[PDB]
Amino acid sequence: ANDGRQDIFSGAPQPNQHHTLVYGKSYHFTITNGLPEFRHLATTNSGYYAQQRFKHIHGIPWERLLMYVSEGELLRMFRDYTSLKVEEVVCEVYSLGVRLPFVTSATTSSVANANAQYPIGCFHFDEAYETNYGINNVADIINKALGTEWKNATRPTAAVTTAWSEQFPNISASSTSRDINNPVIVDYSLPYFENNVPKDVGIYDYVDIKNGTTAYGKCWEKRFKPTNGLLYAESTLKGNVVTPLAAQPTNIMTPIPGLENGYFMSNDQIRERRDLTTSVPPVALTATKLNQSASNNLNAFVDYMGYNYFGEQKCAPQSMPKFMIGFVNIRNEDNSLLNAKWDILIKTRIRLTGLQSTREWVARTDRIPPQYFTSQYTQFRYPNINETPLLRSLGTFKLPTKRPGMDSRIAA
Amino acid sequence: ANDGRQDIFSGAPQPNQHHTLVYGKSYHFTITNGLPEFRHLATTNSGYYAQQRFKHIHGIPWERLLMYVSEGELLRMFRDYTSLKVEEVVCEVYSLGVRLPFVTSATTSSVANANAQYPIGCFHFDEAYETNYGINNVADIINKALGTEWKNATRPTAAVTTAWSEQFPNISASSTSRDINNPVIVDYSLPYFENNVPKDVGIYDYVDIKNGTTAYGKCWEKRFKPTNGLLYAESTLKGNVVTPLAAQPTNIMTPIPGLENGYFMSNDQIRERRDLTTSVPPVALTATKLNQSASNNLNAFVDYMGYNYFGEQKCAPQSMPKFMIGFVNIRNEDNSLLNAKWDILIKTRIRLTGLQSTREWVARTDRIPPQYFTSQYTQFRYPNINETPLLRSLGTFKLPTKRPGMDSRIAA
Amino acid sequence: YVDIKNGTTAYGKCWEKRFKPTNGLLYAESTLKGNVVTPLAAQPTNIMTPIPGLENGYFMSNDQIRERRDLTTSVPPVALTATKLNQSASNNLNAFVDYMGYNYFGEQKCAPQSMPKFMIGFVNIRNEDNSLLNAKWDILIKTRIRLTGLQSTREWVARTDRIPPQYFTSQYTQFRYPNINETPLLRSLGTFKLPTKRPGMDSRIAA
Amino acid sequence: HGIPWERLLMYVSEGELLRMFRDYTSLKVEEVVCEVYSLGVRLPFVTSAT
Amino acid sequence: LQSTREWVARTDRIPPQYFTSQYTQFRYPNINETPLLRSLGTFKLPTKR
Amino acid sequence: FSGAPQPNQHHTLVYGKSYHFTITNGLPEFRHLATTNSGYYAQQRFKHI
Numbered sequence: 221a222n223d224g225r226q227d228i229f230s231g232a233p234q235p236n237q238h239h240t241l242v243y244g245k246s247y248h249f250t251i252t253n254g255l256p257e258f259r260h261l262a263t264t265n266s267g268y269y270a271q272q273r274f275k276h277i278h279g280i281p282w283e284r285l286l287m288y289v290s291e292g293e294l295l296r297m298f299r300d301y302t303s304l305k306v307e308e309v310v311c312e313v314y315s316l317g318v319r320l321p322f323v324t325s326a327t328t329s330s331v332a333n334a335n336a337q338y339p340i341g342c343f344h345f346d347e348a349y350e351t352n353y354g355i356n357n358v359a360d361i362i363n364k365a366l367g368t369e370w371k372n373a374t375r376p377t378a379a380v381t382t383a384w385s386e387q388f389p390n391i392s393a394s395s396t397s398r399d400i401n402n403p404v405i406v407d408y409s410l411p412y413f414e415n416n417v418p419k420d421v422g423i424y425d426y427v428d429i430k431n432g433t434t435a436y437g438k439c440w441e442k443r444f445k446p447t448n449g450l451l452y453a454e455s456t457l458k459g460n461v462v463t464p465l466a467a468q469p470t471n472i473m474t475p476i477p478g479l480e481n482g483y484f485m486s487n488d489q490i491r492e493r494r495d496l497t498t499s500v501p502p503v504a505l506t507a508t509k510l511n512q513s514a515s516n517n518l519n520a521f522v523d524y525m526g527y528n529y530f531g532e533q534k535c536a537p538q539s540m541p542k543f544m545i546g547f548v549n550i551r552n553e554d555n556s557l558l559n560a561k562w563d564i565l566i567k568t569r570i571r572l573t574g575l576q577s578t579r580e581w582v583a584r585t586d587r588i589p590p591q592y593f594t595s596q597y598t599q600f601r602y603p604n605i606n607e608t609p610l611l612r613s614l615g616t617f618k619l620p621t622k623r624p625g626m627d628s629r630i631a632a
Numbered sequence: 221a222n223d224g225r226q227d228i229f230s231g232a233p234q235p236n237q238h239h240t241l242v243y244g245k246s247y248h249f250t251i252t253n254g255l256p257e258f259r260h261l262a263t264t265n266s267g268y269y270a271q272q273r274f275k276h277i278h279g280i281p282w283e284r285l286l287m288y289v290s291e292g293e294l295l296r297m298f299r300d301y302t303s304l305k306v307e308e309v310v311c312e313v314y315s316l317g318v319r320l321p322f323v324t325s326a327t328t329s330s331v332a333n334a335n336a337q338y339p340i341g342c343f344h345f346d347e348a349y350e351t352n353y354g355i356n357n358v359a360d361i362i363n364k365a366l367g368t369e370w371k372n373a374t375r376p377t378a379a380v381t382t383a384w385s386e387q388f389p390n391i392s393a394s395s396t397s398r399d400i401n402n403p404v405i406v407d408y409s410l411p412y413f414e415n416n417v418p419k420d421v422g423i424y425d426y427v428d429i430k431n432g433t434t435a436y437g438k439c440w441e442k443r444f445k446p447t448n449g450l451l452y453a454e455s456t457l458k459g460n461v462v463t464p465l466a467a468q469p470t471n472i473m474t475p476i477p478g479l480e481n482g483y484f485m486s487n488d489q490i491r492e493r494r495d496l497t498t499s500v501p502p503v504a505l506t507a508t509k510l511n512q513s514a515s516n517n518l519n520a521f522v523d524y525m526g527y528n529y530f531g532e533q534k535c536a537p538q539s540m541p542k543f544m545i546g547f548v549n550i551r552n553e554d555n556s557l558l559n560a561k562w563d564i565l566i567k568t569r570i571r572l573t574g575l576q577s578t579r580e581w582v583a584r585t586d587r588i589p590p591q592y593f594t595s596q597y598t599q600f601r602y603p604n605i606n607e608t609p610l611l612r613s614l615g616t617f618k619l620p621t622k623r624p625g626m627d628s629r630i631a632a
Numbered sequence: 426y427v428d429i430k431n432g433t434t435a436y437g438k439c440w441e442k443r444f445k446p447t448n449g450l451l452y453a454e455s456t457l458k459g460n461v462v463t464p465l466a467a468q469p470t471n472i473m474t475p476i477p478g479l480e481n482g483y484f485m486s487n488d489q490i491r492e493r494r495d496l497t498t499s500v501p502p503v504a505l506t507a508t509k510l511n512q513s514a515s516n517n518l519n520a521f522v523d524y525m526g527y528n529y530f531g532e533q534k535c536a537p538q539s540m541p542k543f544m545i546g547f548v549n550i551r552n553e554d555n556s557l558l559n560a561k562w563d564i565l566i567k568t569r570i571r572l573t574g575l576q577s578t579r580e581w582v583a584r585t586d587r588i589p590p591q592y593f594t595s596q597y598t599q600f601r602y603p604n605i606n607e608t609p610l611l612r613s614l615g616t617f618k619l620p621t622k623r624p625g626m627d628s629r630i631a632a
Numbered sequence: 278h279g280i281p282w283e284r285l286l287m288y289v290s291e292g293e294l295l296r297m298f299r300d301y302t303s304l305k306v307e308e309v310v311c312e313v314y315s316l317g318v319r320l321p322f323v324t325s326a327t
Numbered sequence: 575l576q577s578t579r580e581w582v583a584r585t586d587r588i589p590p591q592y593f594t595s596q597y598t599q600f601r602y603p604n605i606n607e608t609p610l611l612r613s614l615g616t617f618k619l620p621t622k623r
Numbered sequence: 229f230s231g232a233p234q235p236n237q238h239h240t241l242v243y244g245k246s247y248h249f250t251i252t253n254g255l256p257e258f259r260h261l262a263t264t265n266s267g268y269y270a271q272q273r274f275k276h277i
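Chains as they are written, first to last, in the UniProt record's numbering: chain A, 221 to 632; chain B, 221 to 632; chain C, 426 to 632; chain D, 278 to 327; chain E, 575 to 623; chain F, 229 to 277.
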């Protein structure tokens, strides 16, 4: 008790930064009927699949970060932190009615009848069968969500007044109704010469139907709190995007948990590292941001991006449920399809958490401080840190065990 | 009550972003004795001042943002937000003793005596007389605080091993004791030919003395919650640092409060806009970040930077108190000065609040969203938005009414 | 990162550090090797049963994480059944208290976070000419240690002075090489603290 | 400076180490303690080259 | 168990536990190779396996 | 309307048998076994157990 032996000064570092971001958008889309269709798909490496596309069941790409954030806001939040995690995403769907013509006219047709009581519903058979979307289909929905600029932010040499025009090369769906088409596709793998095949998915065992005419307003709302919302993380000393390692591995090495067994879900089956001979299998190494290209960041997914925490099992979590909504096709007397147009409003909300490891790292440059010493984030990439990391399949694949399909764009 | 007349959908924008930053540093400095000295200063525009410098009273530049944040952390926080405000700054001073030699040796002198009971204190006459620091003196303290890098972040062509060396071109005071010298200067303006002058400041009417030998540890702690901690704010549509206006003022104009009367504290007297004929007087216009240069940002002050809120009186607040500490000179038998060396430890803490006006502005580029429509921040600059704004005097001047001295680097 | 005291008045007990190692394993014998010189005589057969393992082949190679296949300079260790006949007499002398490369059968085979370094020192005072004010500090150090020895005599009645191995019911493991006579993964004498706060170790087996 | 309290030889002598290293099937450290006492920090009143 | 929930078979072939989850066995990349068999001699190896 | 798939099947089987065996004495015996891959083992067979 103050015997001249007690501490006089007691230091402590500054804290790490913890920022929380909240963004959101609202859109007005329109979707339409479509009869089911099938085909068989052949791919490289002798891949063969039986495909069934439901042109009347569309999927909202709520897995895409760009559905909540604009390209500008994405660029910023992608450079501001050491690591960025998605805390929660919400997507609400409002129905403004399902209309169709009173009389079909080859020329002057008009969708004036809103009292057809067309059946609409929320499909969710993506939890029992392999599903995916078309790459361009989703790309389209996002381009219409963001829309392309038309204002002359940069004055023309002759900044003269122009004529009014409704011809928006690509106006955002946040300003007006815009058509989108993203039919869900169900795959039935045929890896063997003689395969065991199931009966076509019974969509009626996975749907909640509502009356298209009376269901006016809030219809569905999906929430998702990702287990691994890691969009990115920096834990390397690489202070450039171009520089390669200079030093080779030494004899200094200490055993760490790892928690990566080299097992992957290669389409329909489980494969071990050594068997993936077509493309080079990724490996859980110390994470970096300088691996992803600008265009890759734009296609960021909210549930999993290939990054993991040091103490967790290095692997992909079960992908968030697909948000599929659609019609329940009514057919005419001649069995043809009774076409209808559905107007919906979508609200999107997202909460993220940014971290800046400034506690054990006082930077004297604009370079983001890495989560280096105390702990390290990891990502599925290659010993050559400049090689493209394990990317996320844009087709939003749902592989057996409900995990997100990913590509290994590094040819072996 | 649900008579088919109630709202079906109710939209709302995303929120603005509100981030809070917390940084801090610790330093080890050493200061020494100094007899008081005087001189008369002549400056352009026939300026004449009587100056008295107390070489034994040093000031901690806790007004400087770089005392809390490193150049790297400053760069980042200066580009990340629409506006950044200082919430609070804290500065603690610990004493490790006041030593001096047992016997003065012209050659092998040693500061081995810590039992001289040298008087030390916290001076605060900066609240009664004009005070300021030397530009290079403060610049020096900050360079030693930050220190310059010595690690070869970028490998030499011949990355060979070098010899150990204690010769750090400029090691940070955060790693070792470093000498600093920042004597406080008291000005006695002499604007007229025959001036009314006061007796030299009685420093003993503004000091709290402690026993240098027994005062070991925490001695002083200063806190400051700035009324206007505005480091910067963007409210213009200028999307570049180079572009000038293209459009001239029109006839469209609506009266706003303004709250700027064109009155300045020109040194010792109050002057109205029209009388400041040497340099062009600033004017409270809509704020920008693209006005300040990279080097200006580095010299950012925590209490006032020239930015203000739309609804407040456009002017500078009373500058935060100077943090001046020093010795109470003991003299030898021959009246010479008894030299002593004081070792102190400084802790600095700072809390800031960043804003990103994303509610009424969805950006599609990395350009920071401006606080444009709902309200606008303002700053003391010139109709020509590219002209250097009203800058903060590096000499940390305290003008009558206790306001920070500022420069109008735009020659008239 | 410092707690300062007054060198003149702080006379006596100043600091005390305690550490209860999670893996204080200095060594463990679980092999049937009854010699220090003998090599295996039998090669692996087709008899093999899957065990947990709990070793993923990941190491902290200095500043980064590396997988077994990338450590091409030196041969990466592997968690095999432990032995004492691997360590030399001089190695034993340099034994570390927190981790020596041995692990329990049911735990994740890896190094724990190394015990905190016990660093004490001065806060340099400088003379008027900025030179260093030299000082000499006299300290007294007390050290205490408690260990637990095991002798697996329950399922093994030895008729020689050879220590009974923890063979059947369970087996200890250590980071060494298929060639049981190769020097095991050694502990860096420089007492390195690698990212994630783990002890630096050497793989003295050239590849 | 750092006290090598990570080193077993800081607690046990080479002789005691030799024995405990041959006596068991396995040996585990349960706990290590290290106390530091200060007897003062001294220096010359006047620096003399000799 | 008969995984008939996510698989309506139109043949006598047993429905596989395919999508929601998958069972695993110690065998070889060549699915037709004999899997890891059980020693008929009923061996008890160290660790009692 | 709210659809849902059929369940998976879960069947429980219960079987059992009874036997009448006879066993006899036997002195202990030993040998050494050599196998491929240079395998060598000391064996002790208890003919009464």
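What the hints contain is simulated information worked out from the structure, not anything from laboratory work.
Ideal Cβ placement from N, Cα and C applies to all residues, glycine included.
Treat the hints loosely; a few may be bogus.
Per label pair, the in silico range of CB-to-CB distance [to be verified]: (1) A:390 to B:382: 54 to 62 Å; (2) A:416 to C:582: 21 to 29 Å; (3) A:608 to B:515: 38 to 46 Å.
Simulated pairs of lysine to any residue, SDA-like, Cα-Cα distance not exceeding 20 Å [as the list claims (entries may be wrong)]: (4) C:445 to D:320; (5) D:305 to C:556; (6) C:430 to A:430; (7) A:430 to B:583; (8) A:371 to B:224; (9) C:438 to A:222; (10) B:442 to A:442; (11) B:442 to A:230; (12) A:442 to A:627; (13) C:438 to A:224; (14) E:618 to C:471; (15) C:442 to D:310.
So, going through the hints one by one against the coordinates:
{"no.": "1", "hint": "A:390 to B:382: 54 to 62 Å", "in the structure": "holds, 58 Å"}
{"no.": "2", "hint": "A:416 to C:582: 21 to 29 Å", "in the structure": "violated, 56 Å"}
{"no.": "3", "hint": "A:608 to B:515: 38 to 46 Å", "in the structure": "holds, 39 Å"}
{"no.": "4", "hint": "C:445 to D:320", "in the structure": "violated, 38 Å"}
{"no.": "5", "hint": "D:305 to C:556", "in the structure": "violated, 48 Å"}
{"no.": "6", "hint": "C:430 to A:430", "in the structure": "violated, 75 Å"}
{"no.": "7", "hint": "A:430 to B:583", "in the structure": "violated, 37 Å"}
{"no.": "8", "hint": "A:371 to B:224", "in the structure": "violated, 40 Å"}
{"no.": "9", "hint": "C:438 to A:222", "in the structure": "holds, 13 Å"}
{"no.": "10", "hint": "B:442 to A:442", "in the structure": "violated, 51 Å"}
{"no.": "11", "hint": "B:442 to A:230", "in the structure": "holds, 18 Å"}
{"no.": "12", "hint": "A:442 to A:627", "in the structure": "violated, 27 Å"}
{"no.": "13", "hint": "C:438 to A:224", "in the structure": "holds, 11 Å"}
{"no.": "14", "hint": "E:618 to C:471", "in the structure": "holds, 15 Å"}
{"no.": "15", "hint": "C:442 to D:310", "in the structure": "holds, 6 Å"}
Hints 2, 4, 5, 6, 7, 8, 10, 12 from the list above are not met by this structure, while the remaining hints are.
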